[PDB]
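What follows is one chain in structure tokens, specifically the form deposited in one PDB entry.
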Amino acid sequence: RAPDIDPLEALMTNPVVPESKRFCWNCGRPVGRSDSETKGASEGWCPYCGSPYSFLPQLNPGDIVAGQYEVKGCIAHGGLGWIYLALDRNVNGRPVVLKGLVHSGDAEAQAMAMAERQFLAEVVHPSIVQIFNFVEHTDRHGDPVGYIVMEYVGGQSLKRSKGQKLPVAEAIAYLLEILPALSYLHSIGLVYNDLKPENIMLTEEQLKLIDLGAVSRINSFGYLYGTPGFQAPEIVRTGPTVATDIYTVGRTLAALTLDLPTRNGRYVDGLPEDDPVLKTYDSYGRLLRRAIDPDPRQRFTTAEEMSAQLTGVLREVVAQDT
């Protein structure tokens, strides 16, 4: 007899953060580490900045959030802590995903965080993860914390290491599917702000953008955070813009296709000279340089314009590959 297995079990991870992956959310320094003297604590305070940390899950299997979401366990751990899998009692017990909103804060701070992100529930595009709700629950210490509720997205991110870079045609075809989602965001006065391979999910059917935490209004300065090697150099002066999102498209294509030099764990600005890929596909190299131009006024004016040039480049890459 063949067994009846719950397919959710294979989707979840052991709810322990390995020591090599423990960092302070505030100052970025390693925390919760074992030394030649003492064992690393799963929760405590950062010895350098004094910020509280916890690598323990804040929602346990069987917990019910806002009388609606039945927690099943953990999917992954990130910058905002654990990412939980839950079953939505309003939508037939469909598995959904919960993620925290702020690393720390009192009741008023949590309420303000939920309210400021509520607009994401109105973002509707087939290539952008759907946000279903914003809910409150108590953490492992009894203090109320806010959660974003989102659609469960299948597959894995486009993040590729030095040995598994995508062929140019594949990477372009992927970004051509992403660019209309950016055009859609720009049409409603929003910037995605966090485009990078790790935030793009590849499913059995399509591509989907996740991690809407950086989504912001054009020319606003409330959120300036970004990854060195992906973020536009002028973000401090202009705030997020269509031009900063175009720059991230260029950086994303480069990170998916090129063996980019890295320094202190981040990709260096610009593109390497004599790179075999850029010498092979000239129009592609020209498009990337335009997209990452240090002058934002020199970049593609709109995502629709970039898509039009990119379509032309795909035809040329496909023809060259023969």
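Positions refer to the first chain, counted from 1. In this text, the rigid core denotes the largest set of C-alpha atoms whose superposition between the two forms falls within 1.5 Å. What changes on going to the form deposited in another entry:
Taking the core as reference between these two forms, the lone member of 170, 177, 139, 234 whose Cα moves by 2 Å or more is 139. Superposed on the core, the two forms barely differ at residue 82: its CA moves less than 2 Å between these two forms.
Taking the rigid core as fixed, one finds a CA shift for residue 152 smaller than 2 Å between these two forms.
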Contents of the next structure:
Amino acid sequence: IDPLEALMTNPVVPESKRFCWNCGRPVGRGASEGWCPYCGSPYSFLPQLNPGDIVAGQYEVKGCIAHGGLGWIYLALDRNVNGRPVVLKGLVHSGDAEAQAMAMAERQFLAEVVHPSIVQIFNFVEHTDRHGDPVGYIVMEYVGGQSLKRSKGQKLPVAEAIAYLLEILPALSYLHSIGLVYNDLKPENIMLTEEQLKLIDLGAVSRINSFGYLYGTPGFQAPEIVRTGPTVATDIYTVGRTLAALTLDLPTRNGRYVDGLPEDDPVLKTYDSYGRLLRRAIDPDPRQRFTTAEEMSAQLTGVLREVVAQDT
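Since the one above is the form deposited in one PDB entry, can you give the form deposited in another entry too?
Here we give the lone chain, stripped of any partners or molecules.
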């Protein structure tokens, strides 16, 4: 019937997928919102915007498209820009009126990030929910497609994965070039559309030597990020990990991928130079890794050429 219904999903988190954001424990097992019995953190799995709601008098909400780290991802029409679809994501699990307002300022700089292979941020907006409480939303480009997220039985051939990350590295270079790192590179964060690849999640983007270390997904984070903070080197590491996760059979512990490589992997015995590149990328010592994304790109170009050649 209506073409937009298809892009969207049923706005309930099934009980299976319901966990606390602060402790990982399966809350809502069946209150949809409330406080976690085990850590006292507030949670809600209910959509905070509903179809028909109009945010900042500009964004007409049509419903939800996914649910993730911070809650629901909403799809809205932008009534300024010819009713083109955009995405609304929240900013913090909770805060007062001041905290939300602060949260937006901490993230306001993302405006300036402009590259063909990164989601465009359009706007940052307040919505007064049913309770007079103001909630901050980031407005961003709706990129239709699927993530490169591949589970055990659907791992990408090496040629294809390399091709993808060669499209991504430029975007990292760009970020690096303007004093920024994309701390959260992983298959789940790269979207393959009918045209191109895009990076979608800018919640981890930071400045080089930005305060703290709470940047990005474990199993992909470089080991030294606690002491170094986010650096080009920690980004390079995520790339090696991302390539690993796309192509190799990685063991897990407690849902997280294990550090290092399954050192006797079929794929890795096969593509001698790819394996060497992977190893260089994720080297425990930041200094042993590729010094630049451009550098890694150049060497990874070589490896593609070698991989295609060996494929016959």
